[PDB]
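Just one protein chain is left out here, and the rest sit where they should.
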Amino acid sequence: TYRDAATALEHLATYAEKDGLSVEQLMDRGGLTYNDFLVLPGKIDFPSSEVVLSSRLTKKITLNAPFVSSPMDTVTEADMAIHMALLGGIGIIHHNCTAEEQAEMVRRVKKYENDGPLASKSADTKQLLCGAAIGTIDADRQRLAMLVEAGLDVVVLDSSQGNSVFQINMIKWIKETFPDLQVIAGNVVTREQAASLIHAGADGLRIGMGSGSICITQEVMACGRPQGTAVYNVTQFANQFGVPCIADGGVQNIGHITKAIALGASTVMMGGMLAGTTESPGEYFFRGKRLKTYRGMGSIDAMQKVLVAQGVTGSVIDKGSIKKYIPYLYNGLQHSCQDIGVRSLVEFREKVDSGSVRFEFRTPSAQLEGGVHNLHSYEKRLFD
Amino acid sequence: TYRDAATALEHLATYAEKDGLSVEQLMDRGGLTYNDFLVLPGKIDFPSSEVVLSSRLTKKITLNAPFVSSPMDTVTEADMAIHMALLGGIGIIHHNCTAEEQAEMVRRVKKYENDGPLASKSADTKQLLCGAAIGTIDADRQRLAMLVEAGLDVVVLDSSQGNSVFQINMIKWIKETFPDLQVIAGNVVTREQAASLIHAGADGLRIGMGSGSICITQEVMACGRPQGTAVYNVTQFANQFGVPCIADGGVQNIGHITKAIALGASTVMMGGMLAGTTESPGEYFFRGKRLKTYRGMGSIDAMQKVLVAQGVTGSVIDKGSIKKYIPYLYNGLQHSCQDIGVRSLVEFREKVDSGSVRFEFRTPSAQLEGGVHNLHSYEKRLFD
Amino acid sequence: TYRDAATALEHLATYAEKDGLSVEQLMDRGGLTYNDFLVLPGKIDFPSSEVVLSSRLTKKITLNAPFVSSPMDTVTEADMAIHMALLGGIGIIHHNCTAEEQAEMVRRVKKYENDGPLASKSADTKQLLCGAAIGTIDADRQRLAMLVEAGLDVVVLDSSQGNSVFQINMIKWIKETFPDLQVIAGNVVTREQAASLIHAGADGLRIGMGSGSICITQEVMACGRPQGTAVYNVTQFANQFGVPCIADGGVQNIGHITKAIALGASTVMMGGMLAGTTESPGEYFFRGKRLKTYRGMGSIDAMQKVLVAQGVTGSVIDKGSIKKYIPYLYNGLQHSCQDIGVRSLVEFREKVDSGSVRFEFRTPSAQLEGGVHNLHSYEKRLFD
Partner (left out) sequence: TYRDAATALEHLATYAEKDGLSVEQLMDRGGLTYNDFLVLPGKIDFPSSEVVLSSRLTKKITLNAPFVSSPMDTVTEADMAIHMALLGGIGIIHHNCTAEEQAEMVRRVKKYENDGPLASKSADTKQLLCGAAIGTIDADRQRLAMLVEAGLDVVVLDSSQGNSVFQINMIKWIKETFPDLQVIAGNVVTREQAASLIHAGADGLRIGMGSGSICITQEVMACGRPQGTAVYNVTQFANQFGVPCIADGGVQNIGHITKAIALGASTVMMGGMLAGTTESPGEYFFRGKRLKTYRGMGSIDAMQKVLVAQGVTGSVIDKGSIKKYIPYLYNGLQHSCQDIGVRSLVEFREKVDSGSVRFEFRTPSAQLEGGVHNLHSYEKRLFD
């Protein structure tokens, strides 16, 4: 005999747990990253337009969208930072330039006037928010003072391995000298690295080592971590201290953004996805495709603007303007949250942590099935 | 000393279990799909022509073959639906057209006269059975009323994520308003989604999220499930309620059909396998191959007949007529059942559930060995 | 302080077990085949020329080399069977021909005169040994009687799924009617299939389903087994009855032969490795490579000499004469045994079963490392 349909919801209670895995079950198949798993769908009872994407950048800075442009010389100068802020995220201006040049870029962002209600602006002056990267040697103290004079809102201490005495000393010096400046420390991939930087006074952490599209650190240094695993393990610790984390590297699509946030990230940082856009630095050139250069900051070319390279110089295809691309990401992330059944990124965090949001692993065959497969040809047009 | 051959069958009883895995052992290596495993052969004591492929589409509709054509605008209009029904399966007419156009397609199927004893026909009028897809917004109520007037037998509520209040409300409205119309709800991939739709009144479920050959939902939404795992987990629940399930997406060959049914599906739905056949919509074009367009219903092109695409536009090679292709699938499935040792799909279900039918995982090397390998060249001619 | 070198052998006794895995530990990572593991080296205290490769084909037939040519119409006619026997193995003549044609091929082998001390010959007449394949329908009774009149030594009952009532009845009929004829039954991949055929009276078993280079049975039927796993599980049972097994399909190189024997096979059968040799049937043709056709017996082309194909038609490159190729395999297998530390295939079996021979799994990265890697170009010249 068959069960009565009227009892179907009640019958769920006979199972020991919800279908799929909790995030803890998932992350206990070690060394995973984003492509190794999926989020299972939930219950839809609201429109995607309802989904709020407010996200913490640092202890005191919140954005309307979890999107941060990388401090790379082929990704973020003033044009990128202005437009990222207008669209609800933020740009981190690179430091492969003189201190005077970098301060001028920050000034250009801070003085911009020409906006939507989601724009990233200071609460007092209503100027666009601006970030910038620096190193952690003594000369960077004067560089930072110039950036602060230019109106900097947040500084990123830029390193492939941020758990160093130099970086710790720089965090302490900044918190003493410029107490109102928010500091993002990193990069980190372990709980121990995170503890060290948090203890030094970081207002946020940048997570990732070797995941970048242009990065060869794992090959040449043998050192790094799979990105999803790094995000989970760092944020499981950092989130207890109210220290928001940026998932930096290895993001190529909306689903990576969703997954990074599911695993504990507060924001996501993009280099390659934003390289090749109109607002990135560098000129377009042709090959019969329209291209831009995109290069690691540890590439020989970037370092020269024996040397051991930790990144490569390459090219990416023209992506058009971020005035279309960022709204695509935003709308896509709203739709992703809707499918999962959550109405905000705050709720997404809460429901992952409670075990309400469920996950599944993907075997290599499942990854192939999940991608485009068994066509003679196709065009992958992502948005209109 | 060696054992006496006369004792060989008796000696089987000394083992703790049958060789290979039960379906429960298999599905406990998480995130698997069809290519990750095989069914082990059994005992042959009947001809393949003996195998019966009768399959439940919905609570009240049974087909002579477990084959359902997808409601896509490059797969199923009236020609496809007519021929699928003549061959013992069914077509689901797409809704990327006006309600009047869709009702005319249904009418054409219902009025067709020109048949084999396996044809899918109504028990009272002996008209070919016809299905059709609709959405779940308010305008779809009037669309459905027009399709019902045209003689529709089964409606498919068409969504990538069917566990929504809109779809639940539509199921309830249909069951009240058109009590004799069978309703297939979905798409679903979890037990909880299935419970929700069954409780609302669904007569069948459509299983799958992201497995389609033209689908990029997993990449862009981070949300979906490996198809084999979805089929198993949904049907383990749904089958208890006597709610038949369609395994939709990711089917490319006869073995996927066998595996879908082994894992609990009652029928299988095909888009890509049927695209490029004579009876599909759209014209052939050349490139030096003869091709047809095959596109996701969430492709920019289909949606336009910012937008976030969940499918792509592509092409597939000419497959010839389903008048040859469906008999190939049918005969092939008979042979597959024969190898496994089962005389009907009902028996296949029973013997999987009892642990008589056994399975084995396949490592990536085993998958390569199982495919064509180590030839200079080959032609893959599937049937004569 | 460091340990004294004089104690190093004694120190081995402090470990719980030998380094690496026993075959039981290996085969408990389910669904493996040959490329998934390696045999660990042992102690060399003899020359490779000492290694004896005597192998049981059936209960009453032993060969000097474990090499059997497949009964395929692009692999074994009389020329192949003659030369295989002269070199210490055997050929199985195909049956895609009339009974009169097949009997003439057998007669040609049995009447050949023109030899090395390892040649496969009958003990009474000193004629070359010959095998032949038949089907298991009623017409095959008269075919077999003609082959027996021609001097056949061993018959192979040819099927992709040999556990059938037709094959069981044929085994029983042969054992009654031609009691001195050795019968190899199959193909099988499970313990239960093996028990059924052994109980019927088989003198040997042919193991494999879907592993053949030209075979698509796993794709189209969903039914088969990874070859290494099939060999282990069938032979673990069959060897208890003194029923030798042929590991048939998926062999491409000497290491596959070693691994097949390690896992319990008594002999190995080759199609693709022997196709394209001078002694195989069919003419060479050019494309700018010299090629031969190699095709599955379930290909449309072979069957035609709706139809559901279970194999493909392809091509392989010219391999030269088996007068060089078989001695390469023989010498290579001697060297492989030497590396492992065993002086005969009998000893190899004994030392695997006792846990003296050890194994290791290979991750995909380990397989890539084990192959040729990181060269601009290379030539893979296997022998001089």
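Observations on the model:
We just call them A, B and C in the order they show up, numbering each chain from 1.
By definition in this document, contacts are C-beta pairs under 8 Å (C-beta built on N, C-alpha and C of every residue); 3 or more make two chains touch, one makes a residue touch a chain.
Considering the intact complex, the chain excluded from display touches A, C. When the missing chain is restored to the complex, the residue among C:122, C:240, C:331 or C:344 that touches it is C:331. The hidden chain makes contact, of the residues A:111, A:126 or A:199, with A:199. The missing chain lies against subunit A, touching residues 29-36, 160-161, 163-166, 188-196, 198-199, 201-202, 209-211, 213-216, 218-227, 229, 233, 237, 240-243, 250, 252, 272, 287, 289, 291, 294, 299-301, 303-304, 306-309, 312-317, 364, 367. Think of the hidden chain as still there; on subunit C it touches residues 2-6, 8-9, 11-12, 15, 18-21, 29, 37-45, 253-259, 262, 324, 327-328, 331-332, 335-336, 338-340, 358, 360-366, 368-384.
Just so it is clear, only the chains that are shown with their structure count from here on.
Viewed as a contact network, the protein chains form an open path, each link joining two chains that touch.
The most central chain, judged by C-alpha centres against the centre of all protein C-alpha atoms, is B. Centre-to-centre, using mean CA coordinates, subunit A is 55 Å away from subunit C.
Looking at subunit C, no residue sits in touch with two or more other chains.
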